[PDB]
Each structure stands twice: as structure tokens, then as C-alpha cells.
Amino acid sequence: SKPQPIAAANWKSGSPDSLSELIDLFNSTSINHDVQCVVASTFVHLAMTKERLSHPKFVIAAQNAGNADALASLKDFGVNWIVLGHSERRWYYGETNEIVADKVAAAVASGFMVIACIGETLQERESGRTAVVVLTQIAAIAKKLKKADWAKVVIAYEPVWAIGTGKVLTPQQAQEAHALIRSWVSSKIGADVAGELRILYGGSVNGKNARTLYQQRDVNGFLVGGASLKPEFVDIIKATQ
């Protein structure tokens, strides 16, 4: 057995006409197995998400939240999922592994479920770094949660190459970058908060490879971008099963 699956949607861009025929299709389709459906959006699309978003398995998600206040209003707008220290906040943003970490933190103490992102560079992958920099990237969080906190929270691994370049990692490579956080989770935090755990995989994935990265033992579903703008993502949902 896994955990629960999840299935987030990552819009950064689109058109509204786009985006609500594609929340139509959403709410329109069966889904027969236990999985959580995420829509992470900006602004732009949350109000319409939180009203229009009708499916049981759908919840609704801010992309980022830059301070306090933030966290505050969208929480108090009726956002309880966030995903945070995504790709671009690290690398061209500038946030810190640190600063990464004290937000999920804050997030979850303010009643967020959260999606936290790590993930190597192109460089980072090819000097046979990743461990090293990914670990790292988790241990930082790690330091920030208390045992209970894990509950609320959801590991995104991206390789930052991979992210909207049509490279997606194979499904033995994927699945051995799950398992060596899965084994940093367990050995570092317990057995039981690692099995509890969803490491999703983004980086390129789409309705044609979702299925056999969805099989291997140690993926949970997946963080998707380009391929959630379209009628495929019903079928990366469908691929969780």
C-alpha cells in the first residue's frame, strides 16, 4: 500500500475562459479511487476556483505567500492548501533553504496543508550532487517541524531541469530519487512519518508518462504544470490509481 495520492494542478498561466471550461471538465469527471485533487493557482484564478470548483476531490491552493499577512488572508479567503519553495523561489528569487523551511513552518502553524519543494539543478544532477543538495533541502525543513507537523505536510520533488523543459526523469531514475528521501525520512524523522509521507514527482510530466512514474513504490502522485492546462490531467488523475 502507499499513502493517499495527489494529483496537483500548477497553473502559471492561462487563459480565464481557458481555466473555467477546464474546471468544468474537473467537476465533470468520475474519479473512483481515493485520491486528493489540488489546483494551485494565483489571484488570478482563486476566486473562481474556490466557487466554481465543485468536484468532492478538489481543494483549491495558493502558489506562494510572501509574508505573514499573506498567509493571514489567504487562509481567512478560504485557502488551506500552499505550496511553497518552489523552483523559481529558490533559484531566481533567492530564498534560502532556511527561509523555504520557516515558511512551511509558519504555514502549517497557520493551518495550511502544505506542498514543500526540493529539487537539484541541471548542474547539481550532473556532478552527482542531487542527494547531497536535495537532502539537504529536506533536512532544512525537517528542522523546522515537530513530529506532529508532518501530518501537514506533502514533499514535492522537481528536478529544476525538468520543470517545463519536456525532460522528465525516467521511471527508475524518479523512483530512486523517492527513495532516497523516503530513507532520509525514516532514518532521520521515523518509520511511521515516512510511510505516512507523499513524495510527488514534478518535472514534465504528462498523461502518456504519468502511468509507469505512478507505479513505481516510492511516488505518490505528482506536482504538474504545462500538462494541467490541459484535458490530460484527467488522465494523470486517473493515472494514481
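So that the term is clear: the rigid core is the largest set of C-alpha atoms that superpose within 1.5 Å between two forms. Numbering follows the first chain given and starts at 1. First, how it differs from the form deposited in another entry.
Of the residues checked (82, 168, 153, 134), the rigid-core alignment between the two forms shows a Cα shift of at least 2 Å for 168 alone.
Could I see the form deposited in another entry next, after the form deposited in one PDB entry?
One chain, no partners, no other molecules: that is all that follows.
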């Protein structure tokens, strides 16, 4: 049915001591389905996870490449995955649709697997602009890519609009956003490409709600940015079967 799911930890911080125990936890975890696990981090943790993390299903990922040199030196270091367009990048650093599209394409061209993030704000959601905004984000991405490039691309949907609401997304809300993205890729890139595409849910997820979220037709995993620093990231991985 679905393509290979992805469980991604976006390690954002955390002590070296707790990361270390997390690495042992992951190393000692038996995972019984096909799923690509990812641990994304800044350099200090990356060399740590590279040092002691050893599980056939885990890979490490960068969170940013500053320039051409930073893409190449990262490949030279053993890092083959990179998370791009995530919210810190769009909202604290102010990266535009075009800046993230250009990063996606340049990383693709360097041999990376790319998790590319999209998602609308609260003003946009409330004013009825979700579809235009989100599809404009992925449209800017697609403009800089060839059909082939999509083999190395993963989309993550981040409902940024929900931060500070007190609210978590329903499976219904998540499926709607994912279905919307899936429709666009099918028509514009290809039915084939759309079918192989992993669209990960990037909002607030826990062990409980991940299983119900993953039951939805267009969800192919999670980009997790809180519980990924906790033992329950194991529970999220196991939701992907």
C-alpha cells in the first residue's frame, strides 16, 4: 500500500547524558517492519550519534547547510540526510519559499535525502488560505526540481498555526492537509511520484495519538520535535506499522 514510512526525530538541545541514554534505548530497540528512522541534529550531537548510535534502521541528518562547502563537507563527514524548511528556518531565520526551494535542490544535487517542510500560519488558516499557501510552498519547491529528484525528497507538513492554541490536530484535520498535498503532486509531478512520496505529519504527536494519526490514508510517518527527545519516540516509531 503506502511507501516506506519514516520516523524522524528533530533533536532541537538536550544534554549529552540524556542523548547518550536515548542512543542505548534506540540501539536496543527491535523494530519489526520496514521504516526509515532519522535523527536530525546540529553538529555536537551528530558526532555523538555517529559515534555510538548503531541500528540498521537509523540514519543521522543535518538541520542546515550554510553554503556549498557546508553540503560537501557534511557528505564528506558521512551525513546523507538533511531536514530543510522546518519552522525555525521559516519563522526565526526568515527563510522564504524560494530560499528553501534552492536549498532543497542544491542538497538533492549533492546526494542528500531531503525532508522538506511546509505548513501555514494561524492568520492563513483562519482566513481560509491553507490550500493556496501550502501549495504555493510546495510549488516553489517543485519549480527547482526535476521529476527524478523526487526520489530523494520527503515532505513534512507542520501545522504551525496550532502553537499556543491549546489544541492538537484531529486525524481528520491532518488527513485533509496531507490529502491536499498528495492531490497536488499527483497532478503536477506524476501519479507515480505521488504514490512513492512520503508525507510526514509534523505537528504535536505522542505515543497514543500517533497510531490513530498513522491509520489515515495519506500519512507516511512523523517529524517529531519534542517526544523525539524522550523514550516515547520508540512508541511513535512503532505506530508506523
